[PDB]
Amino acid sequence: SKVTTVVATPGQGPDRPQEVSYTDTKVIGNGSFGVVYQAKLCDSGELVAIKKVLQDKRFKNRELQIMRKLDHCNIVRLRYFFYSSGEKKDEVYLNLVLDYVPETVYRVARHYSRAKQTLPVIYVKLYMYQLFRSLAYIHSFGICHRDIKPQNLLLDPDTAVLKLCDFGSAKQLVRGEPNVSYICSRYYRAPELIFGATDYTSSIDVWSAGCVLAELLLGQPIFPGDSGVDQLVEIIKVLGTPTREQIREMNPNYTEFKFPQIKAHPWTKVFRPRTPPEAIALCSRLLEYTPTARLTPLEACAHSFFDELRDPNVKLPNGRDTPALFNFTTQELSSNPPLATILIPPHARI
C-alpha cells in the first residue's frame, strides 16, 4: 500500500485547510451514509477513523455541524474533515477524520456473555459514568444523540477511557419543530418514541443509557423486541402497563392502540441475585415511563452507584489509575452547578 494525501480543514479549529497524509486504509464499518475506514496518519502514525458519507452538494450536513462544535474527552474528536469525489462519477463525499478507539462496549459485553460471565461492576461503573458525563455535555448544547447503544461506545481497554461515537442520528432539538419517532436502535428505543412522540426531549438518550446499564448487569438486552411495536410489549413485561397519565406524558395525542394489563415485575427479581442494589436503584430511575421522571445525565453521575469512582484509592484492575473523572467544565455543570460538590470530590479540588 502507499500514501494518500488530502486537503482537510481542521475539525473544531479555524477554517485553515491543510495537507494531511495517511496510509494503511482498511474498512471497519458502514451504513446508509457510506463507509468507515481505519487509517494511519503518516505524520504521527496515530490511528484515525474516516467516516465517508454521500453529501447532497447543496444542503448542509448536520453531523458535521454537531461535530465541529464538540470538545470532550468522552467523545470522539473530529480531527479534520475533507471532500473527495469518486464511485458516483460526478458526486461528492464528506470525509470525517475522527479518533480511532479500538474496542467497543458491545464486544466486551459479548465476550463475557459468551463465557457465562458478568462484566465486573468496576468496569460497569467506569463505562456508565463516562457515558453519562458525555450525555451531560451534549445535552447542555441541546444535542440529543438518538443512538445510544453498546456498539456506539468505544473503549481503550488499557486506559478504560470510553468515547461516544456515531453522531449520524444526533440532532439539535429546538422546542417546537417535530422530530421523527422511529429513531434509536429498537432495543434502546425509549417508550415515548414507540408511542410515536415527535416533540420528545433528550431524556430518550437517558432511557437508552438505562438499557445499556441493565444489559451490562444482565449479560443480555433487557428489552429485546422483535419489532418496533413489540418493543413496547417487552418493556411492559418489566415495567408493567403504563398508566394513562404516563401515556399522557409520553405524547399527548393518544396513538395508544395496543396492550393488556400486566403488573410490574419486581425490580429485584429482574436482575440476578448478586447484583449490587445501587445498580438496580440507578436502573430504576433511568427506565421510567414518564420522560421528565428520568434522572438527568449529571444527576446519574452524582448517583451513589459511582461512589467507588470518587474514592481516592481507586485504580483500574490492571493496576493503572482511573481516567480523569472530575475535570468538569462549567458547561457540563450548567444544568445543576450545585452538583459539583458531589461530582468533584475533595481530594481532587485544584
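Positions refer to the first chain, counted from 1. If you superpose the two forms and keep the largest set of C-alpha atoms that fall within 1.5 Å, you have the rigid core. First, how it differs from the form deposited in another entry.
- With the core held fixed by superposition, the comparison between the two forms singles out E256 as the only member of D199, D71, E256, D226 whose CA moves by at least 2 angstroms.
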Contents of the next structure:
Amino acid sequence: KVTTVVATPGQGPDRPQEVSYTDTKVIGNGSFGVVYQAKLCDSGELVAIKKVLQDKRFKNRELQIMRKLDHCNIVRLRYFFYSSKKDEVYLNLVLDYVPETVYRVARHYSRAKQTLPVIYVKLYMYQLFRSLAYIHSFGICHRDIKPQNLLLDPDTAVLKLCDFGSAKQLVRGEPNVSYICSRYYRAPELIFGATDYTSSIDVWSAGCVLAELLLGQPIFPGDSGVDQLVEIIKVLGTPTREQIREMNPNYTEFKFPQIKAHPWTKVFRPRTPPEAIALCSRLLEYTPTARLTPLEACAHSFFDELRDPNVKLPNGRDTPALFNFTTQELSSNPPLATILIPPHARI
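So that was the form deposited in one PDB entry. Now I'd like the form deposited in another entry, please.
Only a single chain is listed, so you will not see partners or other molecules.
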C-alpha cells in the first residue's frame, strides 16, 4: 500500500505538507510503541517511523527535543504527524533509516571471539562524544546511552545517536527520576537515588560503551539494581564519603567496609591500547564532576589518529566528517576548537 499523510517538517517550516511512503514493515515493537521502516515515494529514501501513543492534552518531550536538533551524528527527524480505538491519538516521528547498530557490529566480533579493530573504537566513540557535546549544549541529557542506541552506516562508518524517548532538558533545582538508563550503563549516582544529577550520567554510560568495545562484553553486567553496584565496586572499589556526597547529598552511610579499586590495567586484556584505558579511567569516576566533558573527551590523545591527514578506514574509504564543528557544539569551551580542528581541516 501507498500511505499518504499530512506531516510537518522536523525543522521546520513548520507548514504541513503531503508526504507519501510505501514498503511499510515492522522492525521494532515494545512498551514504547512501534517502529516501522518505509520508503518515501518522491525520494526512494528509506525512513523509520516511530509510532507512539500520545496524551492529546499534553506535549511530547521527545518531539520537542527532536525538533531542536540538527547534527550529522544525531538521527534526523524528517517529518512528524498525528494518527491513528477512536479517540486514541498517535504521534509518528519520521526518522532517517540507519541499518546497523554498534550493538550488532560489536556482537559479530564478540561471537567470533575477537575484538573490534581499534580504529573503529576511535571512530564510534568520537562521534558519540560529538553528539553528546551537541545535545548537552542545549541542556538536553539523553538518559539512555547504550550500544543499541548507536546507529551505524556500515559503509561510511557514520554514527547516529537515536531514541530520545528518555531524553530530558535538565533544569537545576528541578528533580528528575532516578530509575533511568539501561542497567549496565547506569551511572552510580542514579543507583544511589540521585534526583539532582547532570548530563554527566551520559559520559558515565559512554565510558561503559567504550569499556564494552574493548572487552568484547559489558564491563558492569548487573543482575539487578543492587548487583549493578556490586559490579561497579569490583572495579572502582567503594566510594569515599566525599564521592558519596558528590553523587547523592541526601544519602548517608555512616559505616561500611572500604574496598580499594582494582587496577585499570588488569580490568582489560593485556593487548588493550593503554590510551583507551587512560580515557576510560577519566569517564568511569564515581565523582560526577570529575568526569571528562564530551568536548574534553573528543580532544583526548586517544583520538589523535583521527586528526591525522592520512587516516583511512580499513576498507580504503576516507573517514566520515569529523571536524565540522559549530558554535553550538563548541559552546562549553570555544578555545578547544583549534586543537579539535587540525590544520588540514580548515577551509
